[PDB]
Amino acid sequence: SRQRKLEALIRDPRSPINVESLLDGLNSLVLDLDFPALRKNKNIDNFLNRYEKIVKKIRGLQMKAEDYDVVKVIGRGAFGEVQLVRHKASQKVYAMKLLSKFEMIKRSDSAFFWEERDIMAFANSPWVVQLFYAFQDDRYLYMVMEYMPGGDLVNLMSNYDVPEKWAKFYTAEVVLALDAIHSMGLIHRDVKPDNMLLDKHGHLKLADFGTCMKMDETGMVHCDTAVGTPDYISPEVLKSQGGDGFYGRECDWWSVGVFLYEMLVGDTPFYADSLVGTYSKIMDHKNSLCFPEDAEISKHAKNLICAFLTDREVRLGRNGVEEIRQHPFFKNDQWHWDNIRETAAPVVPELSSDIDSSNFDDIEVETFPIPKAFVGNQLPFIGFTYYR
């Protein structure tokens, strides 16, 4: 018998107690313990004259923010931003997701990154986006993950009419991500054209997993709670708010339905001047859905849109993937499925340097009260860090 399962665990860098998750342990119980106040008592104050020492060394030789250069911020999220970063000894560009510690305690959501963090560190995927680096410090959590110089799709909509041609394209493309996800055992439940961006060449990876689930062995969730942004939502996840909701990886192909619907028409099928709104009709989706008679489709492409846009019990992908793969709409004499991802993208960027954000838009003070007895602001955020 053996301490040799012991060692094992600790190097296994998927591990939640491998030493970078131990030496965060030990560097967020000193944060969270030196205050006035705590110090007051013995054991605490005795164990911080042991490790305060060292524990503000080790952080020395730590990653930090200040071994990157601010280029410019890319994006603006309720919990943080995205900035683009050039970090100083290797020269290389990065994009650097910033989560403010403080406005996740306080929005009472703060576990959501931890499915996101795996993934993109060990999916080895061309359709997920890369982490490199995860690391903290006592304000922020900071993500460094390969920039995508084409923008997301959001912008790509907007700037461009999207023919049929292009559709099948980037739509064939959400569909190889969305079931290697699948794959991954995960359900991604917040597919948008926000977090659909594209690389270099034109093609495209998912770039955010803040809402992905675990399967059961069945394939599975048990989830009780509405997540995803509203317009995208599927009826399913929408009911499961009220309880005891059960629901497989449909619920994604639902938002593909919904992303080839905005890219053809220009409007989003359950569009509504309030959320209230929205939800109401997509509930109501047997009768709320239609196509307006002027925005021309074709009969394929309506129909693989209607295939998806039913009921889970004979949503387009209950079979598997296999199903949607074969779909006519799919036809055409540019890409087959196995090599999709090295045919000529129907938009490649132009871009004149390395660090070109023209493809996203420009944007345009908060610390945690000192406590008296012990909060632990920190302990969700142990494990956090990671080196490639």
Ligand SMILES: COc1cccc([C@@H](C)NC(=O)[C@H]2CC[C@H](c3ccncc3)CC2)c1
Given for the second form:
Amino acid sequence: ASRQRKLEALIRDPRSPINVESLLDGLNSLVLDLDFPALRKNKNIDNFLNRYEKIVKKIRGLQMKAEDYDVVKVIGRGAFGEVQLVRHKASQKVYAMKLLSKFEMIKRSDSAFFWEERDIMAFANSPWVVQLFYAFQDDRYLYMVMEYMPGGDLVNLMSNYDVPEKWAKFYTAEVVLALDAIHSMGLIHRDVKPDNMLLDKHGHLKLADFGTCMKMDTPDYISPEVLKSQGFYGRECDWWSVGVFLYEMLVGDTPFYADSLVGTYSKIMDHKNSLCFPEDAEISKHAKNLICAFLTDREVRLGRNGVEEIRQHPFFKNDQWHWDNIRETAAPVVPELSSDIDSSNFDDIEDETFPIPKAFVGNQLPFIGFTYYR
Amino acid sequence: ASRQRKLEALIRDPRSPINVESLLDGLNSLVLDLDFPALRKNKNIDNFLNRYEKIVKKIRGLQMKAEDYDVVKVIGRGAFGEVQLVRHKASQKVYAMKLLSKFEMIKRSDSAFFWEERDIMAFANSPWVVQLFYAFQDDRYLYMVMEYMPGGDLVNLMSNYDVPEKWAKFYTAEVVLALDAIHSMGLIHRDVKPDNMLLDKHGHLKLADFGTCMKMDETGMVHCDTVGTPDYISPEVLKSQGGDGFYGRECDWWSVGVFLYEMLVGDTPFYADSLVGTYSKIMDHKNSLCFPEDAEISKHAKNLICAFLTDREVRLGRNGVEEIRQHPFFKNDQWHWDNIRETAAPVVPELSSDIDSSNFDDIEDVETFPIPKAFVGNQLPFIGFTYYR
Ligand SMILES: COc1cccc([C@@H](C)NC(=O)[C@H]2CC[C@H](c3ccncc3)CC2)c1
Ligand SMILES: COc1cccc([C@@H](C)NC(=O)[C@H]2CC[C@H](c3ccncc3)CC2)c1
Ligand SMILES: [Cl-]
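Could I see the form solved in complex with this ligand next, after the form solved without this ligand?
Expanding to the full complex; the earlier chain stays at the top.
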């Protein structure tokens, strides 16, 4: 009764490794790993599969899958897959779907990063983090269905407008609160850049792409400790990147730009001397102060002693918004969109399986527990 | 919504292969089959086990297990295990626990029979079938916790009393209704005998041991398997196992013929010193069936036995149970067919405690799977066995 009530609660919990969706993943994965003619020479395997042949087919039909979605356009490419703008066929609702190749993750020794990515987007319950509605999988891919962000990213905005300081104040303030939310969850991002800052239908920021997230105990935006470490470091390394972001928005170039990557690496390490505001750049004293406060050695960097000292910096003083209502004021640039599939703010994009194994190799074991239904 | 409601129903259903207990069995079995040092040289396996190390330990603690029961006495022994009279420690309630060796089942190519046995005892919801409260498993055994029949079996009764025909009428009538219940569930028993007929606290029959149960076809027929203990097997069941013969519910009615003969006469109708002698007498039943001249038996009782102990084609119970029920032998002043189990039994057991096993005869180390070199899947056969009432 009491031991049964504890076991039933462990299964009910959406955070649990033994939720109902995880246990089904265990069954599916096992059937996929076992159902090959050479393995069925084992009586244990063949009998097991005969028993679970029909019911696993019936689950595969009932469960969510890629064929439930029409692909409209490819809106991203990454190391292990792509991002598809999709419409779910039944509901007719539009999402951004991220695909991850199982073969490549196993081939390139990188098949754990997606857990924190899934958890952040699923469970943050935060307006600064892209919401995940569904995670599911086939034999070839992991899928992550997310709220579509039709405003596009800060790279797109920056190339389309000269950003005045009133706007930069706003976007930097929204990045500060997004990072504070990530940090509050016990997480360092490690890859803060405009590419990973997206604007919703109302022109307000959310963070996406949590592939480099780690739970706490491109070279333009990397901090000098992260350069010297080559693998310890803390939340302060994200605050470096906000320093670089604000510089990029106001100046229009990266502060440690060079023709080669080695030139950039060498400038970043020499930041005390190489940080230099151009004499033609329209930038205030307070804005130079904040950038300089972020672009220092880790030991004395702004945000080391919490977010509060970032919030009371004079740069962020203004007549338009407060910190506790910023996301409910009018954004600088409302996207003008023609439809629920308008991907005009995203640039156009242009483009092997596991072998049939001789014995059990367990290629699906890494992905057991990935399925999540909101 | 609708596709989600179908998936949620499949999981809710206690009959389903993908109930919550089955899915947990899948996880446990997988961990047990994979957690060996040589297999963890695979990164997929090692990482998987690291992820599920703590939670599987926590499930093993929470789930029902053999250490939740005190073993009081061994009351049975069988091909693949034994029977323990047990007391559950927390509730203090007494059950009969049947164990089944996983090693032996795999070693001796026989690891499917327990499914129908588990299902019959769990789901029959019938006073003629022993109730199963819990099925669980460890790495070595399947366990089946059922209600304890402190009256013991009809072998025990027959050796302790000269059975008069009024008693034989009663026990045979209770067997007829038990078999009719099994047959109504789409099942042939194939091994009906006194050993498998137990008496509850009130001295009334229930069938136990469903290891030779088969599910019938849409034409009421069944495929060959298993036999041992030849005394009660029918001649079609003898002829079939040589070849690939077919047989139906009528083969259980042969066994009731043999039962009633044993109760009234006191010996088996086809007895011999060797098993081959018994087999030869059963096949020659037209000539070998002979009532001894000193046997106290009625004309009606000889009629019923003879009606059962014939060729399948003309055997009683071929055309349903009703013609068995209207046979004059079963006429009496004490019970009707619809209230038999609620009248006073011939022999109510007087028992001195909840652990009194006086109606069960006294009974007096094991080997495990080797540490495998690769994945062999020894636990895959037993996924879905766990049932909590
Ligand atoms: C590691 O293998 C990858 C495969 C594909 C993409 C990516 C990485 C670089 N890309 C991403 O994470 C996108 C995902 C879609 C997000 C989005 C949400 C809502 N609207 C528009 C975009 C924006 C980040 C990595
Ligand atoms: C095939 O591997 C076997 C392993 C152990 C036992 C058996 C066979 C011979 N034995 C059985 O089925 C028993 C089970 C307990 C029942 C019971 C119920 C309630 N009270 C007392 C006993 C009586 C039948 C077979
Ligand atoms: Cl009657």
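So that the term is clear: the rigid core is the largest set of C-alpha atoms that superpose within 1.5 Å between two forms. Residue numbers count along the first chain shown, from 1.
- For the set 178, 96, 304, 237, a Cα shift of at least 2 angstroms between these two forms, after rigid core superposition, holds for 237 and for no other residue.
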